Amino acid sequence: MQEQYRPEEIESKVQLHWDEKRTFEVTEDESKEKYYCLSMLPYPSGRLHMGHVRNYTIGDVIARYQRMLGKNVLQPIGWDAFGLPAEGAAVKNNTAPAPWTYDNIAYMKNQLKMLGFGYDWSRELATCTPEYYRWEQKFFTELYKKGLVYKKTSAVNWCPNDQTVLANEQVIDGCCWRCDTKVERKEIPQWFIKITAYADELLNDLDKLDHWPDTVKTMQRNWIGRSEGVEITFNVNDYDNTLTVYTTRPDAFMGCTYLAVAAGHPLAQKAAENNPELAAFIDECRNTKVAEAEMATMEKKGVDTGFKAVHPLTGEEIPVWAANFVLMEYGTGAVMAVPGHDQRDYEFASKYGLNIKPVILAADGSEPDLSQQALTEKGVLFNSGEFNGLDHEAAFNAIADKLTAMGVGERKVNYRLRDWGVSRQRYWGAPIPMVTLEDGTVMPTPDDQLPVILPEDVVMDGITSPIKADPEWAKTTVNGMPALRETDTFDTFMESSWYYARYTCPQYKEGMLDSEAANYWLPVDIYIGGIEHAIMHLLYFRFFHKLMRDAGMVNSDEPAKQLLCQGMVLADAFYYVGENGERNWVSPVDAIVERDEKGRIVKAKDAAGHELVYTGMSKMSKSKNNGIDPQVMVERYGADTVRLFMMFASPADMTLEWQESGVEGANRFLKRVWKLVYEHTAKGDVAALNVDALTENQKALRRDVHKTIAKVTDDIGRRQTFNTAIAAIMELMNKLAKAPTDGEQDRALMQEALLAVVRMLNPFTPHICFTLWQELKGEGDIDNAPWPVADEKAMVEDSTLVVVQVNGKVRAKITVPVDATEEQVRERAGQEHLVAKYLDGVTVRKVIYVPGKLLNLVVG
C-alpha cells in the first residue's frame, strides 16, 4: 500500500480482476437465495451522461449490498438499440443506422466498465439483433391469432411535400424542424394491440403493489381513467345515420343544449358541401397537432353544421356544432354538451351564444348562479320534467333506465386508456410480421419465415425508408402465391417490454423464454429507472408480463416486486434558429452566460456568436444536447469519487439540478479513509478485543460504530436514502480520526471499526474498498464479505437528551438518565437559568412531556 490514494493504479487493476474471475457472472443456483436487481437499459445515444450514472450507481449499490447479505444477485445490462435518433445521425454523418449504433454500444460499454458496475456481461443483449427481435415477431403473430391485434386508421404528423411521417419531437414551433412549410394531420391505417382488454387487471392490481411508490400508482390510475357511464344515441333531422355520445353525467342530461362533433365526422363532411364556412373550418382542422398538450391549450373553436339533433327526452331540436377538440380516432367522434354544469362547455357556449340551461340545484337547494361559471358539483335536479327532485344517484339510474327502455341508451364502462399503436413508418426497427397476399387478404407472416430480418447494409436519403423504397424487399411467397410483407416497423417500446425476462436466458434458441431460468429469477425484486417512465413504459412492461403469463411462460401476475423511480438529473439547455428554421442545440459547456441577482440566466451566447434562446433546466439528454459526460471527472478523480458524489448529492427519488461543485468533498473524504487505514495498518497486527474491559470513551465509540451499521443498513435496505447513509459514515470517520490508537484495546477497536466502515462504503466505492479490505487482512474478496451486523449490547444508552420549551420555544437542552421520570425531568429543567427566567411571575398552566425527548411548559 502506497501512502497516497492513486485511483488510476487501483480501478483498472480491480476491474480486470472482476473480469478474469467472472465475479458477477451468475447461473440459476438452487443452493443460494436469488435477488434480481434490474436497472432500465440504456439507448445507445453516444456517450453516457450523469442521468445514466445516477441510475446505474443506485443499481450497483443494491446489487453489491444484497450480494454481501449472501444472495445470488443478477444485475444485467444491454442495449435498447432501435430508435429514431440513429436515422438522423446516420444521414448527417454519412453512415447507416446499424454501424452508428454498434459504435455507440462499444463506446458506452467501455464507459460502464470504467465506472466498475458489477454486471453479468455474459447476459448482454442488443435489441436490434435478429437473435432478439425474432421472438417479439413470433409473439406478435400469436397475439394476432388470439384476437388481441387489429388494424384501424389513426392520425399521424404528415409532411405533404416530403411524404414522410414525423414524430412529435420533430415538429417544433408548428412547422417541421427541416424547412418552412406546414405539417398536417393524416389518418393512416396502422396496427394496434388491445391493452384495453387488460385495463381492469392493470387497474385492480395496483392495490397489490405495496412496494411501488404512490406517485407512480396514482399517475397510472389517472392514465387508465376508468369511468362508469352511459352511451346515448340521437337521431338527426335530414340525416340518415345516428350520432352516439358517451357521458358520465346522465343526471344533467336534461340540460344538454347542443352536441359537439369532430371535423372528420361524416355529418360534418356532409354539411360541408353547402356550408363554405364549415368547409373552411374542417380544412383548417388538419393543422391541429397530434398531441394532447397542444389540443387542450389551443383556443376552443367551432362552426354550426346546420343539423339539428332530437333530444330524446324533451323532443327539442339542438344544434350540432363541429369543434376542433373533438376527434374521430378517439371514441364515437361526438360528445354532448351541458354548459350549465361543465366548465369547458360553459366557455364554448358563452363564446358562441349557445343556451346555458341549469338543471342541478346547489347544495342548499337553491337554483344556481351560472353568470360567471358552471355548477360542476352534483346535486338534486330541477328543470327536468319527470326527473325533478331526484338526487345524483337516483337521477343517474332513472335517466339510464328510461334511455335503456327506449332502446337509445346503454350503460358502459369507458377508459381514458386508448389502445397501443405499434406501427411506425421508419427504417430502424424490427419489421412487423404481417403479410398481404396477391388475393387481397392480410395475415401473419408464417413461422417458417421468422425472423423477418431488417437489412443493415443500406443507403439512407433521410426521407424514405430503404425497405419501403426498394420494391424487391417486400416480395415473398405465402400459401403458394405472391405476397407483400409489411414495411412498417415496431414501436421501440416493444423491445423494452420483455427484455427483463430475456435477460434470464439470453442465448436460448428453442424459444422466447426458457421458463426454468425465467421462473428461477422472476419476479424482479427491485426495478430501478427514471420517473419519466412512471406511466408509458411501466404500463407496457406490466401489460406484456400479463400476456406472457397468459401464454403460460411466467408464474407471477406482476413483473416487479419493488420499484425505485429516481429523480431526473437536469441541466441548462440552449439553442439558436438556423438558416432555414432548424433548431440547433448548444451544450451548456459551450455557452457564455450572464446571470441575475436571483441566480437566473438572463443572457446567453455561444463561442461563435449566436444569441442563444435559453429554454431552462430540463432533463439531460442528447436531444437537447445538455448532457454531461462523466468521462472527464472519472479520469480526474476516479470512478469511486464520481459514484460517491452522485449518491451523496441528493436522495435517490428527488430530482437534481446538476452542478460540478461538491466533487472535491467526496475525493477528499476517500483520501481521509485511505490515510486512516494506512496509519492503522503500518502499526501491524492487532490483539483481540476485550468487550467487558473497555473504558467509557471506548464504550461510547463502539456504540457509535454499531449505531452507524444499524442506520446505514436501514438507510440502504429500507429507505434507499443513500445520502444520509454516507453522511452517517462520514461522521463516524471524524470520530475515528480523533480517537487514541496507542493501547492494544484502542487498536483492536480501530480494527473492528475500519473493517465495518470499509464494508459499508463498498457498495458506493467498491474499488478503493476492495484494496483496503486486503490491507486490513479481511477474509477473501470484499465482494463476497458478509454485511456487518450491529450488536444490541454495544448500542445500549445510559442517558438521553431532553429539549425544554416554554410556550413551544426552546430555552434549554438537558442530558438525563434514560429511566428518568417526568417529575425528575421537570426538577432538572427548573434548575436551568434560562428556563427560570421565563417561569418568573407566571403560572404553569399545562405540561407536555414526550418521554426521553421533550418537555414543554405551557405558561401564562
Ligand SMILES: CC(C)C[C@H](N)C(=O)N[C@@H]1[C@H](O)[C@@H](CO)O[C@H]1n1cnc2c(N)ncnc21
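We call the rigid core the largest set of C-alpha positions that still match within 1.5 Å between the two forms. Residues that one form lacks are left out of the comparison. Numbering follows the first chain given and starts at 1. First, how it differs from the form solved in complex with this ligand.
The one residue among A501, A126, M460, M328 whose Cα position changes by 2 Å or more between the two forms, with the core held fixed by superposition, is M328.
325 to 331 is the only run of at least 3 consecutive shared residues whose C-alphas each shift by 2 Å or more between the two forms once the core is superposed.
Counterpart to the form deposited without this ligand, namely the form solved in complex with this ligand:
Here we give the lone chain, stripped of any partners or molecules.
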C-alpha cells in the first residue's frame, strides 16, 4: 500500500481479479438463498452516459449489499441490440447495422468493466443474435395458434415520395427530416397481439404489487383506463349502414344534440364523394401525425357531413359531423356529443353554432346556466321525457335497460388500452414468422424453418429494407407449394419483454426456458430502471410474464416483486438548421453559452459558427446528442469516485440535472479514508477490544459507529436513499479523524470502526474497499465478507435532546434524561433565560409536549 491513493493502479487490477476468479458468476445454488437484482439492459448506441451509470451503480450497490448479507445474488447484463438508430448510423457511416452494433457492444462492455459492476458475464445476451430471437419467433407462432394474435389495419406516418414508413421521432415540425415533403396517414395491415385480453388481470394485480411505487401503478391504471359504459346504435336516413358509439354517460343521452365522427370513418368517406368541403377536410386530416400529443393540442375543427342520424328515444334528426378531436382508435370511431355537459363538445357546439340542450340539473336542484361553460358534474335529470327526476345511478340503468329492450344498445366494458401492434417495416429487427402461401392463405412459419434468420451482411440504400428490396429472400416452400414469408420485423419491445427470463438459462439449447433454472431465480426481487419505462415497457414486461405462466413455463403471476424507477439524468440539448432542413444536434461540450442573471441560457453558438436553438434540459441520449461520457471522469478521478458521486448527489427516484460540481468532495473523501487506514495500519496489529472497560468518549464513539451501521443498513435496504447513507458514513469518518489513536483500546476501537466503514462503502466504491479490506487484515475478499450488524447495547442512550418552543419558535435547547416526566422538563426549560424572557407578564394557556423531543408553550 502506497501513501497516495492512485485509482489507475488499484481499479484495473481488482477488475482482473473478478474476471479470473469468476467472483460474480453464479449458478442455481439451492444451499444459498437466492436474489435476482435485475437492471434494465441497454441499447448499444455507442458510448455510455451518466444516465446509464446512475442506473447500473444503483443496481450494483444493491447487488453487492445483498451478497454481503449472504445470498446467491444474480446481477446479469445483456444488450437490447435491435433498433432504429443503427440504421440511421449505418447509412451515414457507410456500414451495415450489425457490425456497427457489435462494435458498440464491445466498446460499452469495456466501459462497464472499467466501472467495475460485478456482473455475471457468462450469462451475457445479445438480442440481435438468432440464438436469442429464435425463441420469440417460436413463441409468436404459438400465440397465433392460441388466437391471441390477429391482423388489422393501422395508421402509419408515410412520406409519399420515398414510399417509406417513418417513426414519430423521425417527423419534425410535421415534416420529413431528410427531404422537403409533408407526411401523411396511410392505413396499412399489421399484426397485433391481444393485450386487451389480459387487461383486467394487469389492472387488478397492481393491488398485489405493494412493493411497486404508487406513481408507476397509478400511471398504468390511467393508461389501461378501464371503463363501464353503453354502446348505442343509430339509424341514418339516406345511408345503408348504422353507427354505434360508446359512452360512459347514458344518463345524459337525452341531451345528445349531434354525433361527432372521426376522419377515416366510412360515413365521412361516403359523404365526401358528393360533399366537396368534407373532401377537403378529410385530406387536411391526412396531415395529422399519428400521435395523441398533436391530436389534442391542435384546434378542434369539423365539417357537417349532410347525413342526419335518428335519435332513438326522442326521434329527432340530429346532424352527423366529421371531426378531428374524435379518435378513430379509441371507442368505435364515433361519439354521442352532449355539448351541454361536456367541455370538449361545448366548445365544438359553440364554435359551429349547434344546439346546446340541458338535461342535467345542477347540485342545487335547478336549471343550469350554460352561457360561459358546460356543467361537467352529475345530478338529477330534467327535460328528458320519461327519465325525469332520476339520479345518476337510476338514469344510467333506466336508459341502458330501455335501449337494451329496444335492441339498439347494450352495456359494454371498454379500455383505453389498444392492442400491441408489433409489425415494423424496417430492416434491423427480428423477422415476423408468418408465411403467405400461393393459395392466398396466411399461416405461421413451420417449426423446421424457424428461426427466420435476418441476414447481417447487407447493403442499405436508406429508403428501403434489403430483405424487402431483394425478391429472392422472401421465397420459401410450405406444405408443398411456393410461399412468401413476412419481410416486416418485430417491435424492439418484443425482445426486451422476456430477456429477464432468458438470463436464468441463456445457453439453453433445448427450449425457450429451462423451468428448473427459471423457477429458482424468478420472480425478480428488485428491478432497477428509468421512470420513462413506467408504462410502455413494464406493461409489456408484465403481460409477457403472464403469457409464459399460461404456457406452463413459470410459477409466479408477476415478474418483479419490487420496482425502483430511478429519475432521469437530464442535460442541455442544442441543434441548428441544416442546408436541407436537417436537425444537426450539437453536444453541450461543443456549445459555447452565455447565461442569464437567474441561471437560464440566453445565447448559444457552436465552435464552427452556427446559431444554436436551445431546446432545454432533456434526458441524455444518442438522438438529441446530449449524453456525457463517463470515460473522461473515470480516467481522471476513478470509477469509485464517479460511482460515489452519482449516488451521493441525489436520491435515486428524483430527477437529476447533470453537472460535474461535487465530484471533488467524493474524491477528497476517498483520500481521507485511504489516509486514515494508512495511518492506522502503519502502527501495526491491534489489541482485542475490551467492551466494558472504555472511557465515556470511547463509548460515545462506539455508539456512533453502530448507529451509523443501523442507519446505513436501513437507508440502503429498506429506503434506497443512498445519498443519506453515504452522508452518514462521512459524519462517522469526520468523527473518526478527530479520535485520538494513542492507547491500545483506541486502536482496538479504530479497528472495529474502519472494518465497518470499509464494508459499508464497499457497495458504492468496491475497488478501493477491496484493497483496504486486505490492509486491515480482514478475512478473505471483501465481496464474500459479512455485512456489519449493529450491537443494541452499544447504541444505548442515557439522555436526550428536547427543543423548547414559545408560540412555535425555538428559544432554547436542553439535555434531559430519557425517563423524565413533563413536570421535570418544564422546570428544566423554565430555568433557561431565553424561555423565561418570553414568559414574564403572560399566562401559559396551553403546554404541548412531544415525549423526549419537543415542548411548545402557548402564551397569552
